[PDB]
Amino acid sequence: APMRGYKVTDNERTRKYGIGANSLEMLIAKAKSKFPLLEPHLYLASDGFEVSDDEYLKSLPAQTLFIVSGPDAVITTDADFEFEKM
Amino acid sequence: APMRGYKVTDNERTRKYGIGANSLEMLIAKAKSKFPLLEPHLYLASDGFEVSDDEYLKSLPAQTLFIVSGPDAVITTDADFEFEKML
Amino acid sequence: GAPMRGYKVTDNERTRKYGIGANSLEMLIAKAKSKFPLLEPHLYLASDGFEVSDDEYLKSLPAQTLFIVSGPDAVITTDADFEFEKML
Amino acid sequence: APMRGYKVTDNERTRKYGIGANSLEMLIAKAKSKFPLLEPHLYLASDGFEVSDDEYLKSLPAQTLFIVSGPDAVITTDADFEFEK
Amino acid sequence: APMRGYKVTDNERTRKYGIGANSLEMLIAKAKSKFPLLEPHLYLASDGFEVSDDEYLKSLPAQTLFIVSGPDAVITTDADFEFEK
Amino acid sequence: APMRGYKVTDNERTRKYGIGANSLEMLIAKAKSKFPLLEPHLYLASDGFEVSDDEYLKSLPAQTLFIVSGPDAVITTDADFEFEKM
Amino acid sequence: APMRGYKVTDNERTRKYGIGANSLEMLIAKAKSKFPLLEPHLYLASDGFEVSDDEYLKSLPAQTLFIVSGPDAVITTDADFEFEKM
Amino acid sequence: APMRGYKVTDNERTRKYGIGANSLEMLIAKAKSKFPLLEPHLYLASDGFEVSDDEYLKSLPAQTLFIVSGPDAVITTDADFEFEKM
Amino acid sequence: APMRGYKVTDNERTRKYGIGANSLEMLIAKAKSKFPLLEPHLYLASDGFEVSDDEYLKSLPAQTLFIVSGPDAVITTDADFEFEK
Amino acid sequence: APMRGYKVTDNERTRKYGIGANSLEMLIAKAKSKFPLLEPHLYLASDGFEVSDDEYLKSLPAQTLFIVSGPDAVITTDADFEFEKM
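These protein sequences, in sequence, are chains D, C, B, A, E, F, G, H, I and J.
Here the first sequence is numbered in the authors' numbering, starting from 45 and rising by one per residue.
Here the second sequence is numbered in the authors' numbering, starting from 45 and rising by one per residue.
Here the third sequence is numbered in the authors' numbering, starting from 44 and rising by one per residue.
Here the fourth sequence is numbered in the authors' numbering, starting from 45 and rising by one per residue.
Here the fifth sequence is numbered in the authors' numbering, starting from 45 and rising by one per residue.
Here the sixth sequence is numbered in the authors' numbering, starting from 45 and rising by one per residue.
Here the seventh sequence is numbered in the authors' numbering, starting from 45 and rising by one per residue.
Here the eighth sequence is numbered in the authors' numbering, starting from 45 and rising by one per residue.
Here the ninth sequence is numbered in the authors' numbering, starting from 45 and rising by one per residue.
Here the tenth sequence is numbered in the authors' numbering, starting from 45 and rising by one per residue.
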């Protein structure tokens with residue numbers, strides 16, 4: 045498995061990290077080491093879908109932005125977060 | 045068979061998952077474990093058509109959005125979903 | 044040697060709607076029949092109602108074109124008239 | 045020769061078929077089999093002009109609608125057919 | 045293993061250096077000797093994300109511009125830094 | 045080990061030399077010998093970054109144009125030198 | 045060590061010779077015999093840069109066009125020499 | 045030492061011969077016997093540069109096209125010749 | 045000293061022969077016997093240059109096509125000969 | 045001296061034989077034995093050139109295809125013969 049770069053942030057978009065990971069578990073592990081989460085879940089910042097499998101993750105292009113969040117927490121999408129603080 | 049990413053939701057747009065799958069069989073299995081449906085069928089969110097065979101699935105572009113629902117189900121299409129909540 | 048492509052099929056009153064992969068007009072017709080009550084089924088463009096008469100005319104068409112499936116030599120409700128007679 | 049799709053009907057708009065054909069001859073044969081017509085000829089539904097050779101046929105854009113009818117027949121053009129109705 | 049070139053600057057973009065480095069460790073070490081910082085961290089000037097791993101660094105193309113700053117420093121992005129100008 | 049050709053000028057585009065060098069040290073030596081400065085520093089004419097180590101130098105493509113100037117100096121980049129001159 | 049071919053001209057582009065040379069010294073020698081200059085120096089027609097050492101010369105691809113001219117003479121680069129001819 | 049084939053013509057491209065030669069001198073001799081010039085010099089049809097020494101000649105690829113002309117001669121380049129024919 | 049094969053034709057491309065020869069003398073001699081011309085000269089079909097020495101000939105790859113013609117006839121080159129057709 | 049294998053056919057490629065021959069004479073003889081021609085001559089199927097000399101025959105690689113034909117016959121080349129087939 046090849047290591048790929050991803051951008052991860054919290055739902056309020058305050059901490060922002062780039063992470064190398066060749067699996068959805070490596071990415072989730074690394075995400076939590078850096079985050080106050082009990083069980084962290086990755087969501088596409090674009091539309092908010094949960095990255096559920098390693099397979100759906102490698103579907104995604106490199107440097108895709110994820111929100112890391114609660115287990116079935118609902119995400120402020122990028123369109124909505126950008127629009128809320130204007 | 046090549047694994048591709050598809051987006052799946054229930055008709056009420058509450059649970060939203062990305063799923064890797066190389067067959068319509070694998071995709072249906074994975075959706076079933078994540079969804080409260082007995083035997084589940086895939087529908088295009090666009091127009092409400094049923095993905096009936098695996099052949100039609102790889103016809104569709106990756107990251108296509110599906111509604112998952114019961115057999116012989118009529119779907120609130122995306123156009124009709126948006127307009128009725130804005131209402 | 045024939046490429047599998049995706050088409051969209053419905054009955055004349057738009058209740059059962061399926062997408063079907065098929066590389067021939069006979070493969071599409073077979074699959075349409077398993078999902079439908081009609082005993083000998085024929086494909087019609089939802090647009091204008093023309094019968095897809097041979098396999099070559101089927102590959103003439105772009106993918107995901109919508110067909111009405113119906114009985115032989117039967118005239119179909121065009122999309123325009125179905126979707127305006129519907130709102131009437 | 046490339047196979048292309050064309051639209052054929054009678055002068056009365058009763059029978060409507062899509063036909064694949066790489067020649068005006070292949071198209072004429074295929075219309076022949078689906079029609080009760082002795083020696084049948086193709087006309088532009090638009091203008092009523094007879095498609096006289098294979099070359100003028102491949103001049104035309106795909107999915108052009110033709111009236112098929114007897115030779116030297118004068119056609120109810122599309123404007124006149126649907127104005128009569 | 046392979047030494048690659050990166051461009052590093054401070055948050056007010058006054059001290060600009062190109063640095064060869066085959067690890068995020070080496071890049072950080074060399075960055076610290078040329079910069080007035082205690083524990084220094086690399087961030088993409090583009091969007092401001094923190095370069096967390098050696099792996100995420102080697103994800104990036106060569107001559108990528110980094111801001112080096114404090115541990116949870118929030119950075120004036122290139123877009124915002126050149127707009128204030 | 046390998047000799048490569050680089051292009052050197054002062055911040056005023058007066059003297060222009062091509063110099064072969066297998067190190068940033070050799071290049072700096074040869075730069076000073078042709079220049080007035082007491083201790084010389086190399087900068088990318090493109091964006092003005094200082095070539096800090098021999099390793100970053102070999103990062104660069106051959107025949108890259110450098111400015112030589114003092115350790116202090118901030119440089120009129122190529123974009124700005126030929127924007128202001130015109 | 046290896047003989048290579050170079051193209052040399054004066055700054056007004058009247059006398060044009062191809063010269064075989066494995067050193068910047070051999071090249072400059074041969075240029076001097078064919079030119080009225082006492083101590084002549086080579087410049088890239090492309091850039092106007094002085095080929096300052098033997099090493100930078102072998103940096104260059106064969107059949108590179110050089111101007112031979114005064115010691116610190118500045119050259120009408122061919123881009124501008126060809127621009128003035130119109 | 046090794047014989048190579050070169051292609052030679054006059055400036056008006058009326059007479060065209062292929063000539064084997066291992067030196068610029070042998071080539072110059074053979075063109076001399078085939079051409080109405082008193083002291084003949086070789087020029088690249090491409091650029092119009094004078095092949096000045098034997099070394100610059102073996103720089104060149106085989107079957108390179110040369111013009112023969114008088115000393116200090118300016119040549120109709122191939123671009124300029126086959127353009128001005130129309 | 046080594047015998048090699050070449051292709052010879054007249055300026056018309058009507059008579060076409062393959063000829064084995066280790067010298068420009070042997071080659072033109074053999075063309076002499078198979079062609080009318082009293083003093084025949086070899087020219088490259090490609091560009092029309094006269095093969096002037098035995099040396100320029102062994103420069104050429106085997107099975108190179110020559111026009112054989114008059115002492116200073118100018119050749120319809122292959123580009124032009126097959127364009128007139 | 046060394047026997048080599050060649051391939052022979054008539055101008056409409058209906059009778060096809062492989063023939064061993066160490067001379068153009070032997071090849072021509074054996075071909076005439078199998079063919080309805082009085083004095084027969086060999087032509088390259090590829091090019092249509094007459095294999096006029098024994099040395100030119102040994103110039104060619106083994107299994108080159110020949111047309112056997114009349115003394116000054118012009119041949120349907122392989123390119124032209126197999127386009128007439130369409």
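I should point out that these hints are in silico values taken from the structure, not numbers from a laboratory.
Wrong hints could be hidden among the right ones.
Straight-line Cα separation of at most 20 Å, DMTMM-like style, residue types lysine to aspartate or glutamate; simulated pairs [unchecked claim]:
id : chain 1 : residue 1 : chain 2 : residue 2
1  : H       : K60       : I       : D124
2  : A       : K78       : B       : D124
3  : I       : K51       : J       : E99
4  : I       : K51       : J       : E128
5  : C       : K129      : D       : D124
Hints versus structure:
no., hint, verdict
1, H:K60 to I:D124, "holds (17 Å)"
2, A:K78 to B:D124, "violated (26 Å)"
3, I:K51 to J:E99, "holds (12 Å)"
4, I:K51 to J:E128, "violated (26 Å)"
5, C:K129 to D:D124, "holds (16 Å)"
Of the hints listed earlier, those the structure fails to meet are numbers 2, 4, in rising order.
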